[PDB]
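One chain of protein is taken out of this complex; the other chains stay put.
All chains are identified by letter, namely A, B and C, in their written order; residue positions are counted from 1 within each chain.
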Amino acid sequence: XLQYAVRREX
Amino acid sequence: XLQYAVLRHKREX
Amino acid sequence: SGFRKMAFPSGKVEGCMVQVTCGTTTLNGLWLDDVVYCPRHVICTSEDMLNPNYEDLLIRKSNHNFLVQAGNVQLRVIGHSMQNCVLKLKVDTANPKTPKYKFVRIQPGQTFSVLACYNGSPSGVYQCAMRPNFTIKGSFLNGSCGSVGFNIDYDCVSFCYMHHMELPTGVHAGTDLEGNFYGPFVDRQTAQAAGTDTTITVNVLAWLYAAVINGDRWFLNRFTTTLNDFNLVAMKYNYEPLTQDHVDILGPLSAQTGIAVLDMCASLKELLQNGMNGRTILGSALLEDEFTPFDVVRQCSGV
Partner (left out) sequence: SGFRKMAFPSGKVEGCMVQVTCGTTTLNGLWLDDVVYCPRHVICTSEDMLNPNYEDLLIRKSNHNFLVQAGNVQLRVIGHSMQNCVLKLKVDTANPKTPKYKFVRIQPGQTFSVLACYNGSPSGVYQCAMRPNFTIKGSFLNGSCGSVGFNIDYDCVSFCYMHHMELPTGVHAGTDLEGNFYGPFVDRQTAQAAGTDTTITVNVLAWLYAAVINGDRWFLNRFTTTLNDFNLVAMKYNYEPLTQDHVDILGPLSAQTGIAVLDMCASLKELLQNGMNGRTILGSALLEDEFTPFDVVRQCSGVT
């Protein structure tokens, strides 16, 4: 879901 | 082989 | 001899990786000369990143909100201009370690190396392929956005890919450094669907020539076809078409193996039709299509 900011690995 | 080298040729694989 | 996923030397790029922070949002960016390129979604919050229209948000100006630290150096930003889905930031110093660099748009199947970067520092380097459905299956965690994909032709570095998102299927989607997304994806925090992906026939034929060069013969047969005959059995197996342009790109590998491109097609056609028969090729029981004909030539002839 795009790499910032979903911190808690997506 | 022994993976050396020359200066101009190949002496390979 | 041997073969392997052989990525380009990363160091030359290690030099053009920085950290950009817009508010408390931080991702990587590529710094060439007096200009830093990064994804346009640093400006956002979690709250903005669901349907953001970025046009207005950058006219919400403030050059001073854009923090760049390039290791020791705290880069001052002296401009803020948006080119599609990349932000290009003017900075006070020109990267002294700037190599020769081009920007190119790759066609599906073409390969690049990726420098995985987090907070302007890199954790590792791997090689990817551009999936026919314009996706890359790489290795990216949060903070990977701004990580770059590149090829080294001789002096010049080609920058082909800038990472933006992991999709629900788990693969990746990003842009050329013009912010022109590959595929049908957008800069929004929404599940997206790639399309349908297809095995890259020219790259498989590359990898089969690769096996031959390292003395694997079990798959070879005294049969041939036409391109026509091959191209039906391709369509059937969701294998890309093979054309004359594709046939021409394999010639070096034909020349160096002495097996005509159409005969190797005969070998590929029987593999498609009967399976890999319990046996491995280059230690893989799976057909591999993430090696370009060039990359075989490169790895099997240094450079």
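Operating definition for what follows: a residue touches a chain if its C-beta (ideal position, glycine included) is under 8 Å from a C-beta of that chain, and two chains touch if they have at least 3 such contacts.
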{"item": "Selected residue (touches chain absent from view) among C:166, C:176 or C:263", "value": "C:166"}
{"item": "For subunit B, the residues touching the chain missing from this view", "value": "1-7, 10-13"}
{"item": "Subunit C, residues in touch with the chain not shown (by the definition above)", "value": "1-12, 14-15, 115-116, 118, 121-128, 137-141, 143-144, 166, 170-172, 214-215, 280, 283-286, 298-303"}
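Just so we're on the same page, only the chains that are shown with their structure count from here on.
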{"item": "Centre-to-centre distance between subunit C and subunit A (centres being mean Cα positions), rounded to whole Å", "value": "20"}
